[PDB]
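Consider the single chain below, provided in structure tokens and representing the form deposited in one PDB entry.
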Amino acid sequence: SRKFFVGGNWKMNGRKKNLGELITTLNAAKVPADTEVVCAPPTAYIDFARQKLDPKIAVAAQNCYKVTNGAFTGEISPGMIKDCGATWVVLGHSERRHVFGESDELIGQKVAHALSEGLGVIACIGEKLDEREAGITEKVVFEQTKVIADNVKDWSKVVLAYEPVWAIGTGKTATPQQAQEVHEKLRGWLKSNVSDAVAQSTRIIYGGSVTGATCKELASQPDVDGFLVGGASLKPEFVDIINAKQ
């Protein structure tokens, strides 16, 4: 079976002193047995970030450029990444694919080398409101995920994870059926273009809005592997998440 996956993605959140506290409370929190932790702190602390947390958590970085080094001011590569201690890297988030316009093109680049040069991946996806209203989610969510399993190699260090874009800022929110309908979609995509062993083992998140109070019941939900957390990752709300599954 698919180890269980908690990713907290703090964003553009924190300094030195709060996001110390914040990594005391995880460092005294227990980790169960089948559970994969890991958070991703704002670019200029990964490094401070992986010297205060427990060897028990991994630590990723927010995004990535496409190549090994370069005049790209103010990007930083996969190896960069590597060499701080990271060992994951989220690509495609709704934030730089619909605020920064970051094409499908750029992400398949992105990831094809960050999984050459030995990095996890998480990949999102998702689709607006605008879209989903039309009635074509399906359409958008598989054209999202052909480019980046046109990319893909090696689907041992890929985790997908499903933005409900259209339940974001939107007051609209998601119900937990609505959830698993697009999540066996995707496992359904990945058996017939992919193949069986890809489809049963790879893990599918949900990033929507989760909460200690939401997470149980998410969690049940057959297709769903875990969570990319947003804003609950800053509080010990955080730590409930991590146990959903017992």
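Positions refer to the first chain, counted from 1. Between two forms, the rigid core is the largest collection of C-alphas that superpose within 1.5 Å. What changes on going to the form deposited in another entry:
- Core-based superposition between these two forms shows that, of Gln109, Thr87, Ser94, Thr170, only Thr170 has its Cα displaced by 2 Å or more.
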Given for the second form:
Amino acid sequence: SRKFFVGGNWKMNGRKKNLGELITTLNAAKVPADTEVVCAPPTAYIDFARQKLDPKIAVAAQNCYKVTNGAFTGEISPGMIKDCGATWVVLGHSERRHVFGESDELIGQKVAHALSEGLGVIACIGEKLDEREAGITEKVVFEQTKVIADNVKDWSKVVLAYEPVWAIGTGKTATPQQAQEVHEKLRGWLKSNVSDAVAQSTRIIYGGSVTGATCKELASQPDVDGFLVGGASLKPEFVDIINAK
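What would you give as the form deposited in another entry, now that the form deposited in one PDB entry is on the page?
Shown below: the chain alone.
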């Protein structure tokens, strides 16, 4: 069975005071035995958050670059993320792709490097509103997934995150059936293009205005293996989402 996975993406929010308070609340929460919980603090607070968080919660970086060290002012490497005690990185997030112009090619190189260095990868994919309305969701997500898959060095350390761009931060949550429909196809894509084992074992998580009010019906879909949560990860309802099953 795939272990239920809940990530909280704090994005560019927080200071030591308010994040420290949130962390205290999370450390007091009961993480089910069948759930893996990950928090992704702003980059300046990776180390702080790992120090403050109970080990039952993992830490993720929000991004990384594609070499171990080098002349890349403003970047961090998987080796740094590991050195700070974090065990995952979020790659290909919508904001990186669409605000900061990260290409699929660049995301694939980051995936290859992070996995080669033994860091877990939450690899994000998803279509824009205009693509959804044109009926080409599948084409877009399959193309993104192929680039990720072609660079996966260790499938045991990947989580795929389907996050339709029109659902991020907009309050426009995907319906359960909408999410299940895409997750099912993605899983079929993995079966046909990689292996049965990889299709069976890879967590495909949904993100997009996931909230306490929407999480249970989404989590009950058989191909929805958890969530990546943005706005609600900073809120007490993040605990309800952790317990969505």
